[PDB]
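Shown here is one chain on its own, the form deposited in one PDB entry, set out as structure tokens.
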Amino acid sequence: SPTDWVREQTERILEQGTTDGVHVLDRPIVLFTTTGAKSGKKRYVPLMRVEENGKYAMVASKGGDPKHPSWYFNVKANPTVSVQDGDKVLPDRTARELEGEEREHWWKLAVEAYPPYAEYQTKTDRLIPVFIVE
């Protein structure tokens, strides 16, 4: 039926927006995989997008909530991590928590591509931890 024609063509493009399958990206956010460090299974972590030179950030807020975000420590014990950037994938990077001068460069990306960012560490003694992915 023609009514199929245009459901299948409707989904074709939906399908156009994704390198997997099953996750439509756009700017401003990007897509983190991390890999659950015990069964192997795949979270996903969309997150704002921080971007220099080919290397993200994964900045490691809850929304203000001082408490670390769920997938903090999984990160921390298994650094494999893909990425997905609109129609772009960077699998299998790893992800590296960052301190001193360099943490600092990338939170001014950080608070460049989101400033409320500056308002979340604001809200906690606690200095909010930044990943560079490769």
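Throughout, rigid core stands for the largest set of C-alpha atoms superposing within 1.5 Å between the two forms. Numbering follows the first chain given and starts at 1. Compared with the form deposited in another entry:
The Cα shift for residue 77 between these two forms, taken after rigid core superposition, is smaller than 2 angstroms.
With a cut-off of 2 Å and the rigid core superposed, residue 28 has a Cα displacement that falls short of the cut-off between these two forms. In the core-superposed comparison between these two forms, the C-alpha atom of residue 39 has shifted by at least 2 angstroms.
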Given for the second form:
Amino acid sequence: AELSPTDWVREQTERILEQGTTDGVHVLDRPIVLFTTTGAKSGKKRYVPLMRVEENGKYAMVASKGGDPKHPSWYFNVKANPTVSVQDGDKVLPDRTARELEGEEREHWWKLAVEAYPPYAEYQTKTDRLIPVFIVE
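Structure of the form deposited in another entry, please, following the form deposited in one PDB entry?
Shown below: the chain alone.
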């Protein structure tokens, strides 16, 4: 799997891998999960850490790279290759399926996402489109 070209993201990914767990690796003091994705064009595996948004064993991937409204590359990758892995702590869930949410189901998980990571709300006030949310089931 490939590490992010972004320095702080790569650094946090390396820390997860050296520890064997996401526990203790934080953004704004909040927990994160490590997703394994597949690039739409390269076919390469890519490690993508995201904020932890979880409910009854399912996880959300919220596609908002801070103050940049354009979609992250991993958004196109997960739409092209819905099969992902998710690591929460030292537990790896392989071969999960990502699905983009719409309507009221998106709302249910957006609420949970902002509960977990309040800055998601601020990122939304800077785009006119709803931020994409994937459920991982």
